[PDB]
Amino acid sequence: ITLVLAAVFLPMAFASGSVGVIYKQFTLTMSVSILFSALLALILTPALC
Amino acid sequence: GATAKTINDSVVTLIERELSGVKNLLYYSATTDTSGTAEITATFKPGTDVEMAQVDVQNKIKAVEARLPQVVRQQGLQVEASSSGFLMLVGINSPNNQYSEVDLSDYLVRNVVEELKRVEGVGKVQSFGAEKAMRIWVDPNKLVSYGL
Amino acid sequence: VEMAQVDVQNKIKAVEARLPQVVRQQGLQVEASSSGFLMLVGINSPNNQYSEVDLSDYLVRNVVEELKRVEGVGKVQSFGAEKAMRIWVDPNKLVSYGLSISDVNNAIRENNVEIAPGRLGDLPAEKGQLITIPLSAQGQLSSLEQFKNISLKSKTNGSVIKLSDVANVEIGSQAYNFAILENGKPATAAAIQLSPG
Amino acid sequence: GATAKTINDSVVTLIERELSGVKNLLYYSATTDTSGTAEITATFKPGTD
Amino acid sequence: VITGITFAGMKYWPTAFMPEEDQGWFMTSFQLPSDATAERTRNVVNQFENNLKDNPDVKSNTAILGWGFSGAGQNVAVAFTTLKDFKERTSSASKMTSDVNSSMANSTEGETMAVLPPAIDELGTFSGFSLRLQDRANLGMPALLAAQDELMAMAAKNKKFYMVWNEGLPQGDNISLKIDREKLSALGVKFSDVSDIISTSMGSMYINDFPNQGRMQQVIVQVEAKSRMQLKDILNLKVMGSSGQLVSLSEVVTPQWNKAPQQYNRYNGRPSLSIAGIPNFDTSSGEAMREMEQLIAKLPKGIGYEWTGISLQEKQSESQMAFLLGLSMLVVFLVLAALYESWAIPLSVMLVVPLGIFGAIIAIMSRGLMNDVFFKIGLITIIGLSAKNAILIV
Amino acid sequence: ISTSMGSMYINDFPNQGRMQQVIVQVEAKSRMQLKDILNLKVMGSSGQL
Amino acid sequence: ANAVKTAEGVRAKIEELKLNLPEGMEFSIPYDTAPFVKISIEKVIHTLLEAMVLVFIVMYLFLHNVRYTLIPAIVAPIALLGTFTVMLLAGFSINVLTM
Amino acid sequence: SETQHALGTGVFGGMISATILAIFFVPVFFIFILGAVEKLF
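Chains as they are written, first to last, in PDB author numbering: chain S, 445 to 493; chain G, 51 to 198; chain R, 100 to 296; chain H, 51 to 99; chain W, 544 to 937; chain V, 741 to 789; chain B, 297 to 395; chain U, 987 to 1027.
Keep in mind the hints are simulated off the structure, nothing from the lab.
Among the hints, a few may not be true.
List time: in silico DSS-like cross-link candidates among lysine-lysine, alpha-carbon distance up to 30 Å [to be verified]:
(1) G:192 - R:182
(2) V:769 - R:182
(3) G:174 - G:112
Kindly generate the complete structure, drawing on both the sequences and the hints.
Written out as structure tokens, the structure is:
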């Protein structure tokens, strides 16, 4: 699910025009957030539990 | 020394033809009026280096300098980065009417505009006033009567 | 190349004022190397009806602009003469009336001039002004006959004469140094380059 | 062949008016002496091209 | 059936680019006719200020007279009306723009248009669609202006637009003096004298700098304002002659009045006229532009149009929606096939996207929101989330 | 000498909307041989060419 | 350039020049667009905080215990902090779209 | 609030519909697709 969600947002970052810049913010933010959350899920939550 | 039509015919059309070579050019427009000046605005692709575009328009516009009317050449052409909107309006007003519009504009240009330009991030400071100067209002009738 | 050209421009600006006045009048042409060459498009007159100047004028006015509307076309450059007005004076006729070529130059420089346009009702304006109207005048000459009718004064006897009397006025080439022939007949050519990427 | 005041009023100030609005500028100084020569230096932010 | 309904809704629902927001200020542009002095524009701006003084919802109202975003002159003015804080203010700035337009339409000499700030910081100057009507067949400026009058007439009777107008200086009259060189030489008056007396009659001429209070300021000499207000004043400018008898201009120059454009505009290398418009409520910015294109289609042959500013970017955004929304799904399919080592299992996970669109599209329909960029981002997010939900079971 | 044998650029004139140079020179027939050049006449203060 | 920095600099310099003003002359700022940016950013941050609170309430009512819910709760702030680090590294700014 | 509504309404409806319809359709999609694939080959 992490890989799917991260891959979903990349294609719209390479668009052309102003919409490309608009979509870049969302793509970067959400993809990096999801990747960091996945990293924490396999690292911190096991020890916490 | 030209009317709007003449500036359009011999300045605007000549300069706009060199814009095709410029890289990352989306569209270009030109405007002239009965004011003795013409403005050609070129828009580039979103997310591009403005300084590179400016230098690459400055280089391209020299192709027509020899062909441009000789009178136009001396004054020259100014290529600069353009923003479409304002950010702040800094004003000086006299509640007691001690100073008039001329004096307020003179003070604004003399002591404030340059200082505001020093502010970090300021791109342009456009003063809607004018500096002080010696105006000689001549009467043609008196001059012709005196032979001058 | 852009920055090298800009540096060249910036450095040559220092000594521009010390150059000969004629050189400054004609101007200094600074341009980077082509770096791009797609094709050459030429116009020729097999019948010999038209000259090189006419072909170049018809290419510049009616062809060059449209050819840049094609996608990927950039910097279409002509290799033809530019039309201009030329006055060929006769020294024998000049001295017949006691004139000099400097007199012809002064007369053409004085009669042919640009009159500055203005606005009636411009600011500051007298209170009570209701309408402001632009106003302009024509001082320059656009036809050959006007240039032939330029008035000169005979120094020998004072009889008014015309530039036609002491000179032949015609529209020809700005320079005659180079000529282009296609199969032995007048022709002009223009190089069409490629836009970046 | 002129006083320092003449060069300061007619040369240094005029250029300094426009020179204020240049990108990456850190500061600028101007010096005029009794030799007919004036020098205006503009120091920019580190790393500027 | 659900997939078909979603496809129909996606295709045939109105679309927009970016929602508008109230930023707390609006802009009023005043365009008096060409034969207007500063006094009349000042009177109109003063009337606007006087009307806005009654509003308890205006904090500051500054006016720049003589400068406009579309042109410069003595018949152009721009006023910035700042609005109080929303908590203490209940006006819905758009309502103030509408009320200003209504008030200024009934008893004002020139056009007075009140507009909202643009959605994007540097895209355009107003909040609406901007178009350039171009003469693509060398039809001439008067023909382009006739086309522009026709288009305005057709747009004025349509319900899909609120107010469509032209941004720029109007057509105006001019005087063209014709110097009679034959009589000029007959009377013995030098041409340079006339060319210099006419040129300096109305034009400011700078000479030299002078020191005032330690600053070098300009010295300008110009004809007195009394002698440059009427045509007779300039036409009564006597000039010297060979015989020594003064000759007036009126004897040698014939005045001629002619009507012609006061501003020349070109777009993409062609003669053009700039047109602005504000779409009417219940019509999106795409819907208004579609009918604008349709109306322009019936204009005389040789006249074309080209969108610019925030309309061109809107078209660009709408064009690539299909490719982006297809490539995203293809990427999900490929990633799932790579992960789960099958071509059928990913297919099952990829059949839920239509269900995701079914519900988002109808939610925006129910709330009345157009198909903007935010909707597209939400669609991508739902593409991802539906795949997550399907994977969890599969 | 500069105007008679060399092209002299004085000003520009409008030809069908394009500004073009105006130039003055001596006719071809009078500048092909050295004899004609030595007969070029210069105005003098006394008033005699 | 950043609007907030420019606006604050202009206002600070104006405040500095108030000392040298002749009597009878007054500065004014009739039109400034800087504040709306801060208002929008603050509103977006408040909406984000409300979203975190609602998500926490949801996880609480399903997991039934604070101990269980704190484990997933602290993942969110750390991921956002990492995203802030990556935005600084890449060059992106804190705008309404990013938030 | 206009931008927030635009960004939120579509995703809200999409998530609701996705969850509700998927929880019942994804098993149907799986059974149908896998059975068809097995039958075809």
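Hints versus structure:
With a C-alpha separation of about 46 Å, the suggested pair residue 192 (chain G) and residue 182 (chain R) falls outside the 30 Å cut-off, and the hint is violated. Annotation: proposed proximity of residue 769 (chain V) to residue 182 (chain R) holds, straight-line Cα distance about 22 Å (limit 30 Å). In summary, the hint linking residue 174 (chain G) to residue 112 (chain G) is supported, as the alpha carbons are separated by about 25 Å, within the 30 Å threshold.
The structure is inconsistent with hint 1 alone, although it conforms to all the rest.
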